[PDB]
Amino acid sequence: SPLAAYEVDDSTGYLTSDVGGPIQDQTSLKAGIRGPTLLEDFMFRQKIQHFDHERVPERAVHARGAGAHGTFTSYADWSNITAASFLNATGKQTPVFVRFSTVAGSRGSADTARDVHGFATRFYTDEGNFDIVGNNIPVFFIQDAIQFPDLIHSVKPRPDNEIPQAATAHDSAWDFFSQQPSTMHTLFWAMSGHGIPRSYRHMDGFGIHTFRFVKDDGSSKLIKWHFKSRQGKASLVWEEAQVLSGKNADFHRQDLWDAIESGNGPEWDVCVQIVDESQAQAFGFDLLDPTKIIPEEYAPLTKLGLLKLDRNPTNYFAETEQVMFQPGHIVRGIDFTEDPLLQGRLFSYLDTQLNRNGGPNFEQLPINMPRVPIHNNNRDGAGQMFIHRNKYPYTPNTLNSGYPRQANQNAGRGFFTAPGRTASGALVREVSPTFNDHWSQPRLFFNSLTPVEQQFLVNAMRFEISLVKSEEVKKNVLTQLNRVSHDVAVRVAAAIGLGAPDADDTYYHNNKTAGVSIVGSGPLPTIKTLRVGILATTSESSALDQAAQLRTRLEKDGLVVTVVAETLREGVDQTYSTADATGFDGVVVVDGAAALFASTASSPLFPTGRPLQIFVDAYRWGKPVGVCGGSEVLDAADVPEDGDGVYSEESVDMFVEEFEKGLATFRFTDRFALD
Amino acid sequence: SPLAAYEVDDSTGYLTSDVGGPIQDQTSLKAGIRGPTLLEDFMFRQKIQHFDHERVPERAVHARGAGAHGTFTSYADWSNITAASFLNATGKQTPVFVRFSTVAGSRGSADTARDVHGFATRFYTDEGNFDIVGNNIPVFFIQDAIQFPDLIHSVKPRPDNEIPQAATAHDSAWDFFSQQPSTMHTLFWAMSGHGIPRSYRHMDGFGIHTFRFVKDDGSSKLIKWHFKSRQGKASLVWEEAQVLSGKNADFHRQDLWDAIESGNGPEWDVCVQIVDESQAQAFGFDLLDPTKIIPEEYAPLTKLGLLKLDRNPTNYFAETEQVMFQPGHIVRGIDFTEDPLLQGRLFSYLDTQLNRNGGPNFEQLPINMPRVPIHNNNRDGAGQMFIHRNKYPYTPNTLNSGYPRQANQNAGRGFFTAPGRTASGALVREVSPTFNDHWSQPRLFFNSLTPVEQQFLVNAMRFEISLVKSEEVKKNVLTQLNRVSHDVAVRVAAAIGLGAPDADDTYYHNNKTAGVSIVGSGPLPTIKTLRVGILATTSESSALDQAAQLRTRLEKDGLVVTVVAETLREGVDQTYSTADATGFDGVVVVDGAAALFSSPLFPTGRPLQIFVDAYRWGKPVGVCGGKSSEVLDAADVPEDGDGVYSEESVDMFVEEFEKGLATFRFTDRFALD
Ligand code: HDD
Ligand code: HDD
Ligand SMILES: [Ca+2]
Ligand SMILES: [Ca+2]
Ligand SMILES: [Ca+2]
Ligand SMILES: [Ca+2]
Ligand SMILES: [Ca+2]
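Protein chains in written order, with the authors' numbering: chain C, 21 to 650, 653 to 697; chain A, 21 to 617, 622 to 697.
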């Protein structure tokens, strides 16, 4: 509603100033036709002042990201576990807006950097805006919010030269990770495929912190939020991610945009783990510690409702850039915990909007407005867009008949702090000793990945640590990695020419947990939206016919098909010059195009070797690949015909049926070497 | 540093607040060891408030860039042509700060996007700060500053979804270009290798506009600024730039930073073309039109002095992010012209600093301060750092004895407007008809490029225009291109499966001009700083030995050598896993590593792909040690190719290879239409 009221249509009409005076804006007013521009040209100055002031500070973290509208629908009346109004009835719908992001990069940095990712969700509830400001990884680097600028200074570019962009592959970051062992768990997640998701739709969301569900009788339970993807879990490989950062920095935002435009809006089951207050230390670690997960073997997930994103913004700046999330946007039926990471966040997100917005009335921007009436005695401030009719904005008053009325647990559906909560003890700047195991869970996570996934994680660390210049930092990194796993430390040390420290088995173990592996999570549950590149030629009308035949068969099943040839024409979407294997989830060469794949093939229309390099890159990166028409191509690529995920069929139908199974498998991991 | 007065050392001492109270900053204050955080924790709040407020708006354009300090030295007393103090004596030195940039991308976008580039120079003169806010292309897309938001909206990402980053390769940009034909000249420059320079040190800087030099006696002449690189002109190739944008988004800033750190700070001759006022229309176009160059054949360059950058910043945000350039930072001896693009800039750069700084005292930031006293009656404002002793800040006054005194042509070395300038006519919002030829100069430029360079430009256009979804926009683009060159139109049209319109010869010609070609600009004058990747192996102790010997011989000549192998050790800089051909200007394989040409330590095929990419992209490549055929045959690289080297002798190999680094690119490796 606040959005619809502020939509501005410029599909017709004459140009006006911001005060509705019709004007022009194409030629400056000058003293003669070859003369100096005049100060009295208000048309020039208003247009250029606006331009000059377009930009606002980027977000201090998560500067790079993209958003969409949708709806949350409750599966049930959840009154038995929370008073939350948005959860109080089967089928109850609440509008949402979600923004997804990286963490370290500035605006304009690439989507496919290796990083932690944001997953921030606003529920415009009938009892106020409720935000769950989460990440795609369920644990955080640090245990106390006061350390956030340390973490973030260390990962962001070195501040003398501002190098490197959007990367932890520098001395300072690994200096911090090695000195602050709490970082191990999130580190291991970021060095897995969770640091390079295939799309925002193929990752989960996590609140990280323990929160409370509070009932209308005052009782509480402890919860963790999990948003579980209905699209499946999928990652890129690092070598692919690096090329994609160059070829399409906008890959995740375009994937989102496109999925929504085609009627394939992504979905998640909004879930919780729910445990009793008495179980704060029962699972072998402290539920106040944001570097720990509750293994699902100890507390299963309950599905609360469906999150669907199905509408793109109208103006990115107004909606996506200006959305201002806060964990302080809480509603009756939810409460905080004493997680010292959460506790400090509550301060930060209120304060930082003053930086972004430049003034205190940021909740008035349409994307930040609620969908219920606002009744309070907040007044004035720069940018004040309301005209308040209550001329006695103080409590207690008689002159406004004691309105607005105080809301609390007893009346008015007020927020209230869970009334069972207490504090006791000295006023301290001390870390709880219950937070001191920094290594067991990183090992739990590592144990739960498949062998090739473990290899990819090792290889990520090998990559990044080999770029650390400091020999001491690199030694200190091995010291910490060795506390998680001696084998990781040895394997990583081998790439950097150092020896690993001797095994220290204090935290070693062989326990695993379900639901953290990407490679182990089975085939994708849908292939709709996945991209197939068909490599063809204009030389041979046979090639274009085969391509068209595959197109119809793949499109029917919701795949996005790109036919690539030397030059554009009817049925060809993309020239070889602009094509890359990073643009596809699977690649098919029509056998009529075989000539383009020869070592001597050359054209002024694309770079030498491009058609073959698309095919070979796709294969090396694990993708389903094949040749359709029943040979030259598989041999030019040194691609084995018997390999899993390599397809070779004369029959278009048999080809598509086999090829679509391989898109669901998504990645053929047998093509990656192990230690 | 020139900013040493403002430096803060933290190499010793105990943590303090901003008001000097010693504190801690690692644990929050809590009501109990597992308790909630306390509002009274001022340590937490001051630290997190600062964090929360670290960011400032990026620049509205040229958001992505990097800078360095240096010195300008005059070659002579230029009293003959300008009263400018910084140019008034042979050997006179003035500190400078320079920022280079792209145009369209935000912060964090890649250095090697295809774009126009900024080259902004501040001279901290003894008569005030003087800025030349230029680009690496000598002409601008548009003819009136009022149009700047239109250009920039069209080239920046589409505003519904903010896609694409740092790119003209989208419908809106090509829509604007094809509807505003003024854009042709800059567009051809940007679609040339001038859109993807090899480094900031391998590009020139241009003021674009005609300015005036003004002597103390009031007379004036018309000038164009040219800063001509002493490193040579060089570009990337587009495939290479695309990969490099992913592998190293910081490539230009690192190149610069490393050059300075190694004592190879980049140099430019600061030059002008100098013509009489009576020549404003004499060259076949109007000197007020920023879409035109004065061909060097009509007005030669005069060298004024030397620009050398030789000191990197101490704090990037404080120095580079905060530097606030303005064309209104002008000094006695220089004046403006009635170029309608320049005229409107003067407003923009003073105003925009209010957005960036959040208040009016942005000239007090250390990087913005002048190196001479300030005497004026500007007062107050947020962030005011000065404590003014004059309590009568108005003119005219008696109560401060009439100080500060007015400065003008005749007293106090004042700035003064060139007194021969006049204006005549109606007050109009009309374009001079003298601006109307949008197409001849683009053709002049295109004609001046070599054949392969012409092909690269065609190829950049084919790449971008093929991404334009609108058939109508594509057709309109072909219409404009065809007015520059029919052949360009035909060759671009072929890629996008449309027919070019028939020849329209109104603006066609065969004239050329010197100094605009990159490919034609001959070997580089220096190879110092250029990057040689030596691909080796740890399996064979002789391969490491070969690499060490090559390293020695190459480093002697000031090349930056990287030895690559499977794993790090003594003498090996980089693993195959982190290496890429975009990291090198030439690639050498030692023949002890020939067996590499699969492993858990690097992606399949990586060693050979580095060599093959390097060859495909034009670089000098070769095999040192005598046995070349196994590597060269694996690569499909012909032993007899130009810029392909095979020698057993390390000296012979390096002597040959260095000639190839100076040639820089072997253009025979690219197909022509
Ligand atoms: C004490 C400070 C602090 C700490 C410990 C954290 N953050 Fe935060 N976060 C910020 C301070 C902050 C911020 C500076 O206040 C940002 C920048 C922009 C904004 O609105 O808030 C932010 C932004 C931000 C966003 C982007 C929201 C958007 O798309 O606009 C996400 C997703 C997160 N954070 C998620 C997390 C998670 C899951 C954390 C740990 C569980 C976390 N942050 C800890
Ligand atoms: C009407 C406005 C307008 C017009 C016509 C131009 N510019 Fe500009 N330019 C700006 C308005 C602007 C600005 C909005 O004022 C910026 C953003 C940051 C700043 O300080 O000024 C800017 C920044 C900016 C910078 C970055 C300086 C730095 O590194 O901080 C360079 C190099 C240029 N411009 C160069 C040019 C050149 C060579 C132009 C034409 C000859 C040009 N601009 C026309
Ligand atoms: Ca660093
Ligand atoms: Ca993976
Ligand atoms: Ca567009
Ligand atoms: Ca402000
Ligand atoms: Ca004057």
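Be a bit skeptical, because a hint or two may be false.
Claimed, not checked - Listed next, the in silico SDA-like pairs over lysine to any residue satisfying Cα-Cα at most 25 Å (straight line):
{"#": "1", "chain 1": "A", "residue 1": "267", "chain 2": "C", "residue 2": "632"}
{"#": "2", "chain 1": "A", "residue 1": "495", "chain 2": "C", "residue 2": "575"}
{"#": "3", "chain 1": "A", "residue 1": "489", "chain 2": "C", "residue 2": "581"}
{"#": "4", "chain 1": "A", "residue 1": "267", "chain 2": "C", "residue 2": "575"}
{"#": "5", "chain 1": "A", "residue 1": "489", "chain 2": "C", "residue 2": "575"}
{"#": "6", "chain 1": "C", "residue 1": "267", "chain 2": "A", "residue 2": "487"}
{"#": "7", "chain 1": "C", "residue 1": "267", "chain 2": "A", "residue 2": "691"}
{"#": "8", "chain 1": "C", "residue 1": "267", "chain 2": "A", "residue 2": "575"}
{"#": "9", "chain 1": "A", "residue 1": "489", "chain 2": "C", "residue 2": "257"}
{"#": "10", "chain 1": "C", "residue 1": "548", "chain 2": "A", "residue 2": "487"}
{"#": "11", "chain 1": "C", "residue 1": "489", "chain 2": "A", "residue 2": "575"}
{"#": "12", "chain 1": "A", "residue 1": "489", "chain 2": "C", "residue 2": "274"}
{"#": "13", "chain 1": "C", "residue 1": "489", "chain 2": "A", "residue 2": "406"}
{"#": "14", "chain 1": "C", "residue 1": "489", "chain 2": "A", "residue 2": "31"}
{"#": "15", "chain 1": "C", "residue 1": "267", "chain 2": "A", "residue 2": "627"}
Keep in mind the hints are simulated off the structure, nothing from the lab.
Hints and how they fare:
Restraint check: the Cα-Cα separation between residue 267 of chain A and residue 632 of chain C comes to about 21 Å, which is no more than 25 Å; the hinted pair holds. In summary, the hint linking residue 495 of chain A to residue 575 of chain C is not supported, as the alpha carbons are separated by about 29 Å, beyond the 25 Å threshold. Distance restraint check for residue 489 of chain A and residue 581 of chain C: the Cα-Cα separation of roughly 16 Å lies within the 25 Å cut-off, and the hinted pair is therefore satisfied. Only pairs whose Cα atoms come within 25 Å are accepted, and residue 267 of chain A paired with residue 575 of chain C is rejected, the gap being roughly 34 Å.
A C-alpha spacing of about 20 Å is found between residue 489 of chain A and residue 575 of chain C, which places the hinted pair at or below 25 Å, so the restraint holds. Among the hinted pairs, residue 267 of chain C with residue 487 of chain A is consistent with the structure: their alpha-carbon atoms are about 13 Å apart, no more than 25 Å. In summary, the hint linking residue 267 of chain C to residue 691 of chain A is supported, as the alpha carbons are separated by about 24 Å, within the 25 Å threshold. A distance of roughly 34 Å separates the Cα atoms of residue 267 of chain C and residue 575 of chain A; the hinted pair therefore is violated under the 25 Å criterion.
Using a Cα cut-off of 25 Å, the hinted pair residue 489 of chain A and residue 257 of chain C is violated, with the two alpha carbons roughly 30 Å apart. Note on residue 548 of chain C and residue 487 of chain A: the hinted pairing holds, with a Cα-Cα distance of about 24 Å set against a maximum of 25 Å. A threshold of 25 Å between alpha carbons decides the hint, and for residue 489 of chain C with residue 575 of chain A the separation of about 20 Å falls inside it, so the pair holds. Our distance criterion of 25 Å between C-alpha atoms is met by residue 489 of chain A and residue 274 of chain C, whose separation comes to about 15 Å.
Between the alpha carbons of residue 489 of chain C and residue 406 of chain A the distance comes to roughly 43 Å, so the proposed pair goes past 25 Å and is violated. This hinted pair checks out: residue 489 of chain C and residue 31 of chain A have alpha carbons roughly 20 Å apart, not beyond 25 Å. Of the pairs offered as hints, the one joining residue 267 of chain C and residue 627 of chain A holds, with about 19 Å between alpha carbons and a cut-off of 25 Å not exceeded.
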